[PDB]
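Visitor: Chain by chain, the residues run as shown.
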Amino acid sequence: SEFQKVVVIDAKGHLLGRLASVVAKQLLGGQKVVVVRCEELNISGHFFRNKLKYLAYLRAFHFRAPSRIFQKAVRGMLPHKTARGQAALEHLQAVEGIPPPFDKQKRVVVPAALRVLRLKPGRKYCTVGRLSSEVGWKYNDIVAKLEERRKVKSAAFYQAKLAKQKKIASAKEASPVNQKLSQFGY
Amino acid sequence: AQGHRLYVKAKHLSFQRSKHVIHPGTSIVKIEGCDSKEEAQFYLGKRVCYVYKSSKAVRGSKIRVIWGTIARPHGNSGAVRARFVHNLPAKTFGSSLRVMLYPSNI
Amino acid sequence: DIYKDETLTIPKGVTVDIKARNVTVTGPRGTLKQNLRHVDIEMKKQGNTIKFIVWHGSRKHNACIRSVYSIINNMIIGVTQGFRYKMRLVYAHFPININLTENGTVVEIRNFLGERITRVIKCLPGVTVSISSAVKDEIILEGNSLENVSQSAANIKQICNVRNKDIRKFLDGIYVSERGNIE
Amino acid sequence: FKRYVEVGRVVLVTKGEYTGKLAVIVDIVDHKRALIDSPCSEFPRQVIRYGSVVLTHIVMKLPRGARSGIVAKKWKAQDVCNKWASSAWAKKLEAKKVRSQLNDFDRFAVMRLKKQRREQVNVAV
Amino acid sequence: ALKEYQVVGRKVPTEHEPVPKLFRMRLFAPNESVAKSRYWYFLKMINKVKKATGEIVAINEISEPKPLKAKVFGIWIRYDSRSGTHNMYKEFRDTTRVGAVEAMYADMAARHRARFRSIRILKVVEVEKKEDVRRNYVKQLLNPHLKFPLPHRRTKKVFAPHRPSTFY
RNA sequence: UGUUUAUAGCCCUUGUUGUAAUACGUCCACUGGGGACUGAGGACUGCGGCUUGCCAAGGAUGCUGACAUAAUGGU
RNA sequence: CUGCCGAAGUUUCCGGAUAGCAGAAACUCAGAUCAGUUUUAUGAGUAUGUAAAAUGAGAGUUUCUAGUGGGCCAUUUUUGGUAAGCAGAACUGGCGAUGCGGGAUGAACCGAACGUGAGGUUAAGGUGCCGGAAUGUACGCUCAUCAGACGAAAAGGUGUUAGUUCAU
RNA sequence: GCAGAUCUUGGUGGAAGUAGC
RNA sequence: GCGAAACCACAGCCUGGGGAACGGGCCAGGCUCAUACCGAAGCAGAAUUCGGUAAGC
RNA sequence: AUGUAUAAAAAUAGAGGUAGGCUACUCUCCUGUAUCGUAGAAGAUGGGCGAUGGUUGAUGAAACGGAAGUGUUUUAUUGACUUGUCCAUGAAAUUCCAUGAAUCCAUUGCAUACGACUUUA
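Protein chains in written order, with my numbering: chain A, 1 to 186; chain B, 1001 to 1106; chain C, 2001 to 2183; chain D, 3001 to 3125; chain E, 4001 to 4168.
By construction, these hints were calculated from the structure, which means they are not laboratory data. Among these hints, one or two may not hold up.
[Claimed, not checked] SDA-like mimics (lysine to any residue), calculated; alpha carbons at most 25 Å apart, straight line:
| # | chain 1 | residue 1 | chain 2 | residue 2 |
| --- | --- | --- | --- | --- |
| 1 | A | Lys172 | D | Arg3117 |
| 2 | E | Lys4147 | D | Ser3087 |
| 3 | B | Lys1019 | B | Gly1094 |
| 4 | D | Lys3061 | D | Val3080 |
| 5 | A | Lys106 | E | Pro4164 |
| 6 | E | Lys4139 | D | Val3080 |
| 7 | E | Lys4066 | D | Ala3095 |
| 8 | C | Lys2012 | C | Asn2035 |
| 9 | C | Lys2045 | E | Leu4150 |
| 10 | E | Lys4069 | D | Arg3045 |
| 11 | D | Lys3002 | E | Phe4148 |
| 12 | A | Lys25 | B | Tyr1052 |
| 13 | A | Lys12 | A | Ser133 |
| 14 | E | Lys4130 | C | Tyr2003 |
| 15 | A | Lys5 | B | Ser1095 |
| 16 | D | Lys3015 | A | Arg115 |
| 17 | C | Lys2051 | E | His4152 |
| 18 | E | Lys4147 | D | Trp3084 |
| 19 | A | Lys51 | C | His2038 |
[As the list claims (entries may be wrong)] Quick partial rundown of chain A residues pointing at chain D, CB under 10 Å, derived from the structure:
| # | residue |
| --- | --- |
| 20 | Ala174 |
| 21 | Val177 |
| 22 | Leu181 |
| 23 | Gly185 |
| 24 | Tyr186 |
[Claimed, not checked] What follows is a set of in silico ranges between Cβ atoms, one per label pair, in the way DEER data are often shown:
| # | chain 1 | residue 1 | chain 2 | residue 2 | range |
| --- | --- | --- | --- | --- | --- |
| 25 | E | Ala4103 | C | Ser2058 | 16 to 26 Å |
| 26 | C | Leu2100 | A | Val152 | 34 to 44 Å |
| 27 | E | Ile4062 | C | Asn2048 | 55 to 65 Å |
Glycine included, every Cβ here is placed at the ideal spot set by N, Cα and C.
Input sequences plus hints: build the corresponding full structure.
Guide: Written out as structure tokens, the structure reads:
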């Protein structure tokens, strides 16, 4: 449906293949896509299954960061040999965690890629950041530490916004104009 | 603020192509906000344009327009087929478009 | 089966809350926290009855439900009466010296069949190990977690293992003798 | 949980030509299909799949396999109508339905209306 | 969509036999062309009666008398496989006899990778009595306390703003 | 649990209004819109429909503009 | 340079003379004949040939005059085979003179056979992304820690899924 | 009436400012 | 400082598959004796053996 | 460019808000088809009434924001705008779409295919 000039996507609980396919199609549509929390990406299958899949890949440059793992999946779904697919890649920014510039921006999700809406209950799935922890990535511990720090600050902002929202909500019914002409569904 | 925007935003996706053969005479246009072929029937026959700019100025204006008209829907997802007075360049894939509300039947 | 439900009677524990798939069973003996979020079994609380129901499950899901009920029952028993395990040391020529540190949290075994290297075993949290005076060379471990006590006993038995020696000839070692409820 | 597939539960149809209508489960054909009915004349007794409906929180006392006439009498007796409407769910849906019909003039009157309500800002005044 | 067709056929009269025997069959087909062809397969398969020496005298579609009442149907089939000889009996719960056969054709294809041509349904009978049910799932469906959680439905409108509720 | 309309009802059969409704199939020389691509031919002949004339009937004409002194194109 | 016709690649006797295939001319005919046709029935042994109804096309010549006078693959039939494969003939078309859509790609596979174009609709194959097209619907099966997706292979499995049957 | 004939005649290149003297 | 000649369709990274070579052009992609460990074996212990794991040597 | 408008986390197989004193509450979810914003010759000139508030610009600012803080607020004063409710004029014939250091250098050996290298200078 409606689009935006730049899109920030929260990759928590999103399947790797499903999200990458939607992102790759959006990149070829000229949109600018920024994917945050790339280390919480989920892949269907046992963590043993993906460990050997990555270990087989280890046996070019074998990138270990979860963000570069996601970029590899997106890269394969683009015509990177041509200029059109080259420009699409430069319009994508995959990062782990939520950096400050995208910290205070709305983060949308893709229901077609969400694990809960796409994976059978009880199925074993592995987290990309957790999977990448035993392949060479050594920043998982600190990335989590900033994440809780960001969550505390984000929660404090939400309480301030919620407390402020209570003021307009209380004053919403105070004005008689709301009740007088609420026949329009508003 | 609030501009004018008497049109609908749209994107140029690709030409009417098979796997290995392209037909630049017809372009596939995604009118964003339209999600099915039945919804696409409203926008059939409307005037679509590609507004771009060139560094050289003509008559004191640096804006050039290629006019077209939406012909028929394409697929089940509301994408439409548009034919322009000049075939759209291949480099305008993913570029924005403007779908007017005229000619109107509402 | 549309839904397979296993019903258990809530014990006299003060708290039997299982909110957020975490069972914080608190009783007179103490409070024990267990995680059950890894099993797709719905837990319903109604008075003194706790029901684990699996809907449209398979044999593995049904098997996990039975294991979950057994785990919950073991936790309830440990939080109410506790678990006590007694082990008797066996020696043939060189007596084995046992030392308790940090209120029995650390157990040191020395002179095991003439060994000059002392083996140190750290017990699991919530389990206290003491030497019973009723029986010589007897160690009694009491705790609220049956699994922790069993794991500690297995680690102690594995530590006192004869290597490159005949099992039939050399019978010296430490093994669990008896286990049961403290109360 | 709060919602279960049981005889007498009021469900809301969300797919097909009866989208947005209200119905009550009468029989349980299978874990994928169920028989429903409604007191409204335009809604006939039919078998529908659980993918085309969402269960509301309203549960009403029905014998299994009740006919449409008995269901309609029980529906009126148990006062199911305007009880679902009392829920904020129906009010949100009804507001959405009324909003969809709104034409341009009504939209213009709304903008002036919400412009007046906005300037109140009597917070901390 | 399958349709239950009642097909009556007989051989053409000749000097040897003044009046021929009348054979009636009930079988399921999407259109009357398939039903007539399948009916001729069974008679040749059974009575060894040539199609060229016979004719179809009556064809009639049959509708469910009580499509608003849930029932249990017992279905017997014959299987043509690598071995080429098998017979099984299955039970399904639904409201329409045709619906059971469509569901029946689904599971054989899903499990045994069977085809429409191989299966030759001998008989379909409604099993009204609860005791006569030989299948556990139908028996579970016949208890007075039928209430179960929702099976997951895994439902353009891309880029949702908020996390979906995905709950009741 | 067993029970038989009660202090809920359900199933079967006839009756039942009835000549029900609906779905499906099929048909209308029944009708109302929206979109796109083409305008070949060059007096009159013909086949038809209305009422000499008229017409949607042997293939596009009307009404407008702007630019032309750029657009349209070409290389 | 353009346009229009257009093979054969092999019977048979034997480097050949024939023939066949493809054209030219002159003849007589549409009330005459003909057919990689289907029948009917006679017989003969489900087929067989012959004779006489449907369907389609106007047909039959005579004369002389270019080229070919290799095969490959595939289908079916085949006889023996024989580590097993295979080999051997024969039967029939396609390519060989032929581009096009699909098949990742590819000459033998699936569709389709070609003037220059506009519009429409399809075939085969497809609709997550690369890629035009449903991250369609309704059922199920599958968890692999090498699936699947496009011979050790038989079987074994405290491997499942549906289970059936028989015992209690 | 030419693109071919390890074509004929003429001109001219890269190798190369190389091998080298 | 003076100064050639042979040669010259054009080119110039791999990996596979592409049946006829196909790579240089085409299609999809990049640019286990010992011992360490334990297990089993009377292996009395020493002496160790075997079994695997294991490419460190 | 054409509103280049929107910061919880979290489960989902339950969460959040709301409230009482973690135990008992309640309500909402069932997406954003939401919310904010939006009227004027793209937005004129005055008269007002009514807010006497709101919308903001301008500078003078302090606080917060490491991560990639580079932006969130708090404002202080002033400048205007105000369609909040109204009026009086005005904007058109374009009279149907086109819009100063460093290097070289010298020194340098500490170096060794060649520079490089290495201080000094």
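Visitor: Take the hints in turn and mark each one as holding or not.
Guide: A quick look at each hint next to the structure:
Only pairs whose Cα atoms come within 25 Å are accepted, and A/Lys172 paired with D/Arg3117 is accepted, the gap being roughly 8 Å. With a C-alpha separation of about 24 Å, the suggested pair E/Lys4147 and D/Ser3087 falls inside the 25 Å cut-off, and the hint holds. Using a Cα cut-off of 25 Å, the hinted pair B/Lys1019 and B/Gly1094 holds, with the two alpha carbons roughly 19 Å apart. Simply put, D/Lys3061 and D/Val3080 have alpha-carbon atoms about 11 Å apart, close enough for the 25 Å limit, and the pair holds.
Annotation: proposed proximity of A/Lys106 to E/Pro4164 holds, straight-line Cα distance about 15 Å (limit 25 Å). Using a Cα cut-off of 25 Å, the hinted pair E/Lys4139 and D/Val3080 is violated, with the two alpha carbons roughly 32 Å apart. Restraint check: the Cα-Cα separation between E/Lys4066 and D/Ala3095 comes to about 40 Å, which exceeds 25 Å; the hinted pair is violated. Of the pairs offered as hints, the one joining C/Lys2012 and C/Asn2035 holds, with about 21 Å between alpha carbons and a cut-off of 25 Å not exceeded.
The straight-line distance between the Cα atoms of C/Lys2045 and E/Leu4150 is roughly 20 Å, inside the 25 Å bound, and the hint therefore holds. Pair hint E/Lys4069 plus D/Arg3045 holds up; C-alpha atoms about 11 Å apart against a cutoff of 25 Å. With a C-alpha separation of about 11 Å, the suggested pair D/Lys3002 and E/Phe4148 falls inside the 25 Å cut-off, and the hint holds. The straight-line distance between the Cα atoms of A/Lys25 and B/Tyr1052 is roughly 24 Å, inside the 25 Å bound, and the hint therefore holds.
Distance check on the hinted pair: A/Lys12 and A/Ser133 sit about 17 Å apart at the alpha-carbon level, within 25 Å; holds. Of the pairs offered as hints, the one joining E/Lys4130 and C/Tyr2003 holds, with about 20 Å between alpha carbons and a cut-off of 25 Å not exceeded. With a C-alpha separation of about 12 Å, the suggested pair A/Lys5 and B/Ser1095 falls inside the 25 Å cut-off, and the hint holds. Using a Cα cut-off of 25 Å, the hinted pair D/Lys3015 and A/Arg115 holds, with the two alpha carbons roughly 24 Å apart.
As the CA atoms of C/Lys2051 and E/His4152 are separated by approximately 22 Å, the hinted pair is consistent with the 25 Å bound. In summary, the hint linking E/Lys4147 to D/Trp3084 is supported, as the alpha carbons are separated by about 22 Å, within the 25 Å threshold. Among the hinted pairs, A/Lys51 with C/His2038 is consistent with the structure: their alpha-carbon atoms are about 21 Å apart, no more than 25 Å. At a threshold of 10 Å, the smallest CB-CB gap from A/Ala174 to chain D is about 7 Å, leaving the interface hint in force.
With its C-beta approaching chain D no nearer than about 5 Å, A/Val177 sits inside the 10 Å limit, and its interface hint holds. Evaluation of the A/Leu181 hint against chain D yields a held restraint, the C-beta minimum of about 5 Å falling below 10 Å. Interface hint at A/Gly185: satisfied, since its Cβ lies 4 Å from the closest Cβ of chain D, which is below the 10 Å cut-off. Hint status for A/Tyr186 relative to chain D: holds, with the closest Cβ pair at about 6 Å, below 10 Å.
The beta-carbon spacing between E/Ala4103 and C/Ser2058, approximately 21 Å, falls within the hinted interval of 16 to 26 Å. As the Cβ distance of C/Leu2100 to A/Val152 is approximately 43 Å, the hint placing it in 34 to 44 Å holds. Range check, E/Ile4062 to C/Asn2048: Cβ separation about 57 Å, and the 55 to 65 Å hint holds.
Violated hints, in rising order: 6 and 7; the structure is consistent with all others.
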